[PDB]
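Let the sequences and hints guide you as you build the complete structure.
Spelled out from the first residue to the last, the chains are:
There are 2 protein chains.
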Amino acid sequence: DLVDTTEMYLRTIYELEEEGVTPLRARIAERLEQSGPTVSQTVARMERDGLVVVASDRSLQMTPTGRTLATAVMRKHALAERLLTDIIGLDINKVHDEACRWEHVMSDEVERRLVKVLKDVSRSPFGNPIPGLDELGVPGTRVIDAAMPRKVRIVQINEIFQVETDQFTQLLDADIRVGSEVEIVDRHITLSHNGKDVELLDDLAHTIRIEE
Amino acid sequence: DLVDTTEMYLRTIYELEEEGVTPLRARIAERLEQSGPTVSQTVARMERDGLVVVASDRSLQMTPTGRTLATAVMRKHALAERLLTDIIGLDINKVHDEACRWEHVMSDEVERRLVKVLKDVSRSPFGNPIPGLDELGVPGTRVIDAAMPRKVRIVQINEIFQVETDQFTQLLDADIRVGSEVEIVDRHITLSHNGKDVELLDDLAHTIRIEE
Ligand SMILES: [Zn+2]
Ligand SMILES: [Zn+2]
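Top line first, the protein sequences correspond to chains A and B.
For the first sequence, the residue numbers in the UniProt record's numbering are 3 to 140, 148 to 156, 159 to 198, 201 to 225.
For the second sequence, the residue numbers in the UniProt record's numbering are 3 to 140, 148 to 156, 159 to 198, 201 to 225.
If you're looking for bench data, these hints aren't it; they were derived computationally from the structure.
You may find that some hints are simply not true.
Coverage of chain A stretches by chain B, computed from C-beta distances (three or more under 8 Å per stretch; other residues unrestricted) [what the hints assert, rightly or not]:
{"id": "1", "segment": "7-18"}
{"id": "2", "segment": "89-100"}
{"id": "3", "segment": "103-113"}
Straight-line C-alpha distance at most 30 Å; calculated DSS-like pairs for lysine-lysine [claimed, not checked]:
{"id": "4", "chain 1": "A", "residue 1": "162", "chain 2": "A", "residue 2": "209"}
{"id": "5", "chain 1": "B", "residue 1": "121", "chain 2": "A", "residue 2": "118"}
{"id": "6", "chain 1": "A", "residue 1": "118", "chain 2": "A", "residue 2": "96"}
{"id": "7", "chain 1": "A", "residue 1": "162", "chain 2": "B", "residue 2": "162"}
{"id": "8", "chain 1": "B", "residue 1": "96", "chain 2": "B", "residue 2": "162"}
{"id": "9", "chain 1": "B", "residue 1": "96", "chain 2": "B", "residue 2": "121"}
{"id": "10", "chain 1": "B", "residue 1": "162", "chain 2": "A", "residue 2": "209"}
{"id": "11", "chain 1": "B", "residue 1": "118", "chain 2": "A", "residue 2": "118"}
{"id": "12", "chain 1": "B", "residue 1": "96", "chain 2": "B", "residue 2": "118"}
{"id": "13", "chain 1": "A", "residue 1": "118", "chain 2": "B", "residue 2": "162"}
{"id": "14", "chain 1": "B", "residue 1": "209", "chain 2": "A", "residue 2": "162"}
{"id": "15", "chain 1": "A", "residue 1": "162", "chain 2": "B", "residue 2": "96"}
{"id": "16", "chain 1": "B", "residue 1": "118", "chain 2": "B", "residue 2": "162"}
{"id": "17", "chain 1": "B", "residue 1": "209", "chain 2": "A", "residue 2": "118"}
{"id": "18", "chain 1": "B", "residue 1": "209", "chain 2": "A", "residue 2": "121"}
{"id": "19", "chain 1": "A", "residue 1": "96", "chain 2": "A", "residue 2": "121"}
{"id": "20", "chain 1": "B", "residue 1": "162", "chain 2": "A", "residue 2": "96"}
{"id": "21", "chain 1": "A", "residue 1": "121", "chain 2": "B", "residue 2": "96"}
{"id": "22", "chain 1": "B", "residue 1": "121", "chain 2": "A", "residue 2": "209"}
{"id": "23", "chain 1": "A", "residue 1": "162", "chain 2": "A", "residue 2": "96"}
{"id": "24", "chain 1": "B", "residue 1": "96", "chain 2": "A", "residue 2": "118"}
{"id": "25", "chain 1": "B", "residue 1": "162", "chain 2": "B", "residue 2": "121"}
{"id": "26", "chain 1": "A", "residue 1": "162", "chain 2": "A", "residue 2": "121"}
Beta carbons are placed, not taken as given, at the ideal position from N, Cα and C, and that holds for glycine.
Dropping the structure here:
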């Protein structure tokens, strides 16, 4: 699958960098047991998506976008391994190869929950530290994207980017601020709290970021 | 992915049967949000693999092979859901749609381990009973296929299918029988126990079935 392939490629480039290897195409080809031509094809596709840039010396430099994605795949891999050894107790000799697949199906919601249920997510069972925890959020998701009712917590209001200041007090009345558990629902978006019902507007809807 | 697609189709046919619906192509198309033509294509491919037979009334009858596979996917789905609600504690409104992907990456080894770690695997969180536990083995794997050293347990010897009776006593000496924890290793296959080292031959290697 194209997506899964790219994710696998990005993770590979990440690993090599972490191991100290120069991410050269032939190295990635070897590690992924893919042929040079095949990887050139895939790498040539990643470039078109602004995911990687083949440096002047044929080394693959991950663009910020590609690295952000590569990181998320490492986090989903690592957490899968933590889950597999710690909870499931899968043979340590199977844990990694299995994780190589789980990283493509594990959602951020599951990841966040694993950060909860697991005793220690500092490193993977293989001693490689777990990246992207800050990015995972364990800032926040914008209400417009995160909002059926549900009770999240206000991570940020971002009143500073506001042009419309009418609902500032409407928020202050209901007592909605940073850390305020509130119940949202896209219908427009209305976030209730203190029995109060604050129906938001587009601008605030796009700037108020909440956590799960 | 072709395999994942077929697995998804087989599980769908299983579900419908379980719900009491007649597995008709248009029903599968609808449930999978696939088009009639696309499903006809995939179903036409499953036939070539002896996985399904389009009955005289256009209803898809799963061949024993297809059903055996369909079942394994239901087990891997169900156990994924049990894992997700019971251990991870994922929002029950996400559990199923997530599981629809996990069932394609979860291995029998993981399944067996989940049958261990989970409190109750009688039914899925959705009340549908978990099929294929007997087939999962929680008879056994043939030593030739299951055998680095590892200490499994003899599920069956199948001396009855033996033409060569030379190692019967060689086994009885080492005290290798049903329930005998032994250490195997393909080098040929040698299963040690009681300090004894019993190097097996092809015939017994293919008939002695052990569990993990
Ligand atoms: Zn790994
Ligand atoms: Zn389900």
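Tested hints:
1. 7-18: violated (count 0)
2. 89-100: holds (count 8)
3. 103-113: Coverage by chain B holds for the segment 103-113 of chain A (7 residues, Cβ < 8 Å).
4. 162/A <-> 209/A: Between residue 162/A and residue 209/A the Cα gap is close to 14 Å, so the pair holds against 30 Å.
5. 121/B <-> 118/A: The given pair, whose Cα atoms are some 20 Å apart, holds under the 30 Å limit.
6. 118/A <-> 96/A: holds (24 Å)
7. 162/A <-> 162/B: Status violated; Cα separation ~49 Å.
8. 96/B <-> 162/B: violated (39 Å)
9. 96/B <-> 121/B: With a Cα-Cα distance of about 21 Å, the restraint between residue 96/B and residue 121/B holds, given a limit of 30 Å.
10. 162/B <-> 209/A: violated (63 Å)
11. 118/B <-> 118/A: Holds. Residue 118/B to residue 118/A sits at ~22 Å (cutoff 30 Å).
12. 96/B <-> 118/B: holds (24 Å)
13. 118/A <-> 162/B: violated (34 Å)
14. 209/B <-> 162/A: Outside the cut-off at roughly 63 Å; violated.
15. 162/A <-> 96/B: Holds. Residue 162/A to residue 96/B sits at ~16 Å (cutoff 30 Å).
16. 118/B <-> 162/B: Holds, at roughly 18 Å.
17. 209/B <-> 118/A: Cα-Cα ~47 Å, so violated.
18. 209/B <-> 121/A: violated (42 Å)
19. 96/A <-> 121/A: holds (21 Å)
20. 162/B <-> 96/A: holds (16 Å)
21. 121/A <-> 96/B: holds (24 Å)
22. 121/B <-> 209/A: Not OK: residue 121/B and residue 209/A at ~42 Å, beyond 30 Å, violated.
23. 162/A <-> 96/A: violated (39 Å)
24. 96/B <-> 118/A: holds (17 Å)
25. 162/B <-> 121/B: Distance ~25 Å between residue 162/B and residue 121/B Cα, so the pair holds.
26. 162/A <-> 121/A: Given that 30 Å is the threshold and the Cα spacing comes to 25 Å, the pair holds.
Hint check: violations occur at hints 1, 7, 8, 10, 13, 14, 17, 18, 22, 23; the rest are consistent with the structure.
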